[PDB]
Each structure stands twice: as C-alpha cells, then as structure tokens.
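Below you will find one chain, with nothing else, as structure tokens; this is the form deposited in one PDB entry, and questions on how it binds or moves follow later.
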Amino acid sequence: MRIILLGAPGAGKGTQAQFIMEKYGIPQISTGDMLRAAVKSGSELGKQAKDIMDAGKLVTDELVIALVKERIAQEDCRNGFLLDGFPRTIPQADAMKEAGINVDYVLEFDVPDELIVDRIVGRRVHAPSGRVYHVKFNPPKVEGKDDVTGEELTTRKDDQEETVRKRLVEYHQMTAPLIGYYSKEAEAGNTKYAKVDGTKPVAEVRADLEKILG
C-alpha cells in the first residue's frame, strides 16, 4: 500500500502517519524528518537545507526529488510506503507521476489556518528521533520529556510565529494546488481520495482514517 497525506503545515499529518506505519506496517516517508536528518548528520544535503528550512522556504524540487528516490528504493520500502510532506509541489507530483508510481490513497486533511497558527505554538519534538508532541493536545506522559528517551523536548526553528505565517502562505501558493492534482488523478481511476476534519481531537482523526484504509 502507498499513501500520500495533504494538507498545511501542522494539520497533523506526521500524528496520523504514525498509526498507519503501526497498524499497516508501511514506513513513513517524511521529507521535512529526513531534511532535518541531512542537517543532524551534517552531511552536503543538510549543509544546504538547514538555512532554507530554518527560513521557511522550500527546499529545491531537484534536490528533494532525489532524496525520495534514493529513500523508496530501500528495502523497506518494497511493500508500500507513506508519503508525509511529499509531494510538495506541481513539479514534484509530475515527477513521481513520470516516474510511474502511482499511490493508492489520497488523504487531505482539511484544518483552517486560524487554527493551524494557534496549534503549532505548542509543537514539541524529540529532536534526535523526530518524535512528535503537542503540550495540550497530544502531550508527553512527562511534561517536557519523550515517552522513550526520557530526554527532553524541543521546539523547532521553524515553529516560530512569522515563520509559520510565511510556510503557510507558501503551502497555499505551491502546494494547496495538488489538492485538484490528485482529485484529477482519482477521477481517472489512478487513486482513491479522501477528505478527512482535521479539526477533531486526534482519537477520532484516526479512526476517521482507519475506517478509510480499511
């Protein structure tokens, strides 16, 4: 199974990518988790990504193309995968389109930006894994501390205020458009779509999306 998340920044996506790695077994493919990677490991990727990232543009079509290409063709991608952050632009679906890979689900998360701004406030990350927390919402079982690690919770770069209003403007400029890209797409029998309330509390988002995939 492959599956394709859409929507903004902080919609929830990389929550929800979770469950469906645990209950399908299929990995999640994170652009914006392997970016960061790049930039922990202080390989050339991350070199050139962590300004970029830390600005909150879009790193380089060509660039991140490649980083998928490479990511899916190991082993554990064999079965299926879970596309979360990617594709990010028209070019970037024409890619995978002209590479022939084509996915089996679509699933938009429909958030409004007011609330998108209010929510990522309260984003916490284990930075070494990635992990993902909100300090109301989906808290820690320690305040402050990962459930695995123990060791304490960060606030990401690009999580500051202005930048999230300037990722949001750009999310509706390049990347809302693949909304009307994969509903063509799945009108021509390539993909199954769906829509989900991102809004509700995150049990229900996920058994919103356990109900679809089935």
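For the two forms, the rigid core is made up of the largest set of C-alpha atoms that agree within 1.5 Å on superposition. Positions refer to the first chain, counted from 1. Compared with the form deposited in another entry:
Shift analysis on the rigid core between these two forms singles out 127 from 135, 127, 95, 101 (C-alpha displacement of 2 Å or more).
Remark: with the core as the superposition reference, the CA shift of residue 45 between these two forms reaches 2 Å or more. The Cα position of residue 148 differs by 2 Å or more between these two forms after fitting on the rigid core.
Let's compare: the form deposited in one PDB entry is above, so bring in the form deposited in another entry.
Only a single chain is listed, so you will not see partners or other molecules.
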C-alpha cells in the first residue's frame, strides 16, 4: 500500500502516520524529519535546510526530491510506504508522476486555520522516531518523555507562533493546490481520495482512517 497524507501544518498527519505505519507495516517517509535529521547530523544532503526551515519557508524541490528518491529505494519500501510532508508542491507531485510512482490513497486532513497555532506551539517531538505529542491535547504518559523509548522529548525550533503563521501562508499558496491535483488523479481512477475531519479526538481520526484503509 502506498499512501500520501495531505493537510495544513498541524493538521495531525505525523500523529496519524504512526498508527498507519504500525498497522500496515509500511515505513513513514517524512521530509521534515529527514531534513531535521540532516541538519542535526551535518549530512551533505540536507544540512542546507537549516535557515530555510527556521524562516518558515519551503526547501527547494530538488533537495527534497533527492531525499525522497534516496529513501524510497531502500528495501523497507518494497511493500509500500506512507508519504508525510511530501509532495509539497506541484513540481514535487509531477516528479513522482514522471518516476512512475503511483499511489493507492490520498488522505486529506481538514482542520480550520484557527486551530493551527495552538496545536503547533504545544507540540513535542521524539526526534529519533518522529513520534509527536501535545502538552495539552495529546500528552505523553510521562511528561517530557517518549512513551516508547522513555527518551526526553524536544521542541522544534520552527514551532513558534510567528513561524507557524508563515508556514500556513506558504501552505495555502504552494501546497493546497495538491488537493485538486490528487482529486483529479482520483477521478481518473489512479488513486482513491478521502478527506477526514482532523478536529476529532486522535483516536477517532485513527478509527476514521481505519474505515477508509480497510
């Protein structure tokens, strides 16, 4: 199974990606996680992203297409994969088309803009895994600790309110057009498309996605 998650920043995509990875046995491919890891490690492919992410802007198409091509070539993607944060522009989606990378589901997470800041400012992450929590809305079992490893959670450098506002503007200009892009693909029979209400509690969104993925 191959799945794309679409939605504004803070819509819940990374939260739900974890459940889909676990239940369907496919890896999550998160360009944000890969970029943050490349900055942290000083990796030649991606360390360049540091100041751009800090600005709330998208990284160039060529850099993330290369990160995704490298990641998806790996053995763990043989049986499918979930794309979380990619594609993020029409040229990224067209690069997938040109590579012959068909997908089975495109899942759009709908959340009103007015909920985004208060979600992201409360976000806490386990950087090695990508697991995400929220200090009020979805807290870890033990404060500041990853439920799975017990390691100390961190706060992303790009999650302050003003940076979130900039990322939401960028999303609306550059990334929202992918809704129509994939709706058109679905009408051609090349994927399924489904929209979920991302305002429901975490477990209810998970159940709605299970109804769709079968």
